[PDB]
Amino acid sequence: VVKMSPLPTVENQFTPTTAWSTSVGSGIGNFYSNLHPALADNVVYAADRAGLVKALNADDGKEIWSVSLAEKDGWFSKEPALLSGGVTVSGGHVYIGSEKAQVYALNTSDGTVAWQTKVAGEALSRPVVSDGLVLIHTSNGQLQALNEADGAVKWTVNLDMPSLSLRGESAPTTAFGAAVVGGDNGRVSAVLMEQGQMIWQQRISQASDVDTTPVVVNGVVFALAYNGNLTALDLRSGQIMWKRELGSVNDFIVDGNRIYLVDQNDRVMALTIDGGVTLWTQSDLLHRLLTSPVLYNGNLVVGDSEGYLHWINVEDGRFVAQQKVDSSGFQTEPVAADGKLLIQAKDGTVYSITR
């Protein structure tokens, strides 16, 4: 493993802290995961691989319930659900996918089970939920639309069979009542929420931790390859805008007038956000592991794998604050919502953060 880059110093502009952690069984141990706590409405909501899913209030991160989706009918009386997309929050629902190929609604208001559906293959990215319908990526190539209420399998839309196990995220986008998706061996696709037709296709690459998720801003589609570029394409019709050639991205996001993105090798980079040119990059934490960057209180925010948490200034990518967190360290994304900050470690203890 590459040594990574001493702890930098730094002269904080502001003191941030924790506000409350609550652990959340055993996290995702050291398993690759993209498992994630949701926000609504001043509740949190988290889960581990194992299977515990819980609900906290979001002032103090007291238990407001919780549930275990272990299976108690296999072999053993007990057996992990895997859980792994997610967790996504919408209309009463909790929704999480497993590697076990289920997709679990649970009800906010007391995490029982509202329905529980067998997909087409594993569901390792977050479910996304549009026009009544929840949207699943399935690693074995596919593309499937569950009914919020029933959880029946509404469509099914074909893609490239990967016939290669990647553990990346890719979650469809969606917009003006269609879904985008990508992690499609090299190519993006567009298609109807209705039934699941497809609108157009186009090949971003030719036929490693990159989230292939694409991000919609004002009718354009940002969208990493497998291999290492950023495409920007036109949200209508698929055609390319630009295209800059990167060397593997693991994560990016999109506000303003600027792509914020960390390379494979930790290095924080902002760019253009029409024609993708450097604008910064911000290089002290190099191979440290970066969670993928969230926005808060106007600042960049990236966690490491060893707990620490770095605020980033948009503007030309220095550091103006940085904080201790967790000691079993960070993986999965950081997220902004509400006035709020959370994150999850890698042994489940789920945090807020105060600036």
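What we label the rigid core is the largest C-alpha set whose atoms superpose within 1.5 Å from one form to the other. Residue numbers count along the first chain shown, from 1. First, how it differs from the form deposited in another entry.
- Rigid core superposed between these two forms, residues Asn257, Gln195, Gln239, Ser77 considered: the one with a C-alpha shift of 2 Å or more is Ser77.
- In this overlay on the rigid core, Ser163 has a C-alpha that sits 2 Å or more away from its partner position between these two forms.
- Once both forms are overlaid on the rigid core, the distance between the two CA positions of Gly275 between these two forms is 2 angstroms or more.
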Contents of the next structure:
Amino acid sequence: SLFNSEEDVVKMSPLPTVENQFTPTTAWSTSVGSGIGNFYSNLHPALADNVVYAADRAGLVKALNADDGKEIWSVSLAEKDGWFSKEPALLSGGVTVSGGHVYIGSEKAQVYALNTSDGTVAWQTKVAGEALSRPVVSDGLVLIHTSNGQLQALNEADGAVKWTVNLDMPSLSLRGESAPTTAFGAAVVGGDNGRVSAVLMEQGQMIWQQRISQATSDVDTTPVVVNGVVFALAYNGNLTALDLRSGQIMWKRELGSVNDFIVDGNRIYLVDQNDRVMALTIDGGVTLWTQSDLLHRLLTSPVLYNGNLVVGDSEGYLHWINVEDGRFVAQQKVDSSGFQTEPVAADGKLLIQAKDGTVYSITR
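Switch from the form deposited in one PDB entry to the form deposited in another entry and print that structure.
Left out here are the partners and the other molecules; the chain alone remains.
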């Protein structure tokens, strides 16, 4: 391809000049070892009962006071196998917190449950594949969607596998975030070679299955359930709405190349593969706005916080976007190792973890 080769397609001058309409600040930051470095990861902080739990790839896990960032505990899941030199745990999926346990998945097909109290290992279970998605907890069970297309349910108390459902044999879904979603005692799992499935939580019985993509970059295929509708993103950029009750397709938009989406009220917020942001009406029918100034800056998934859509980028900036017209309302240089994993909005807090592992609490 002579023409593509002869172009210096290069360089961007992103960093739109934004006149900040408020002053976003760091309430606190706390280091977490070396973070994920240059490895791709879905590891992000979790917040519960005023405690932020965060981890790094090597195996460090910290419990921090949500108000000041002070360490409540810290343990390492890195292990030394007899005579052999200590090895990183390669934590990848999580963190997730639920009823006294911190659940984390690993690239070594390990799932760990830690006690929120003191950080001691409640249990550890060998899982059917790499756990690169966040564990999802529902009625006594820890749902793990592995990278090799398996959906396993573990007993939250002892980690024993209750059931396994082979959803597809790839491999190995390019570590797109593909956690299950829950609703009415069911799990809805996407990803999987273009199919969305709903299975019963009890014994993993297939309730319905719907092809949203023709069979065949890291797309977040986690379905989002909202008032009886399932919003699912296929790997090929198709956004689809499905009736939760029956799995019947309501509508479909061939967006071509979407990395992430969230849904909220009457809007769907999308970030495309090239870091363009867009908002659509709930039915995906009308384009409300687009924002093109962040092209190629490699954005995190967006989060809705304090009325704004917030995304971080690889250069270490946070950008705050008016959800009405997609204009920037604030821009902030936070950490120069950059952002990659999702920002988290919980109980009034905005947490985000840089690549070097430093966790920030950001106030708007």
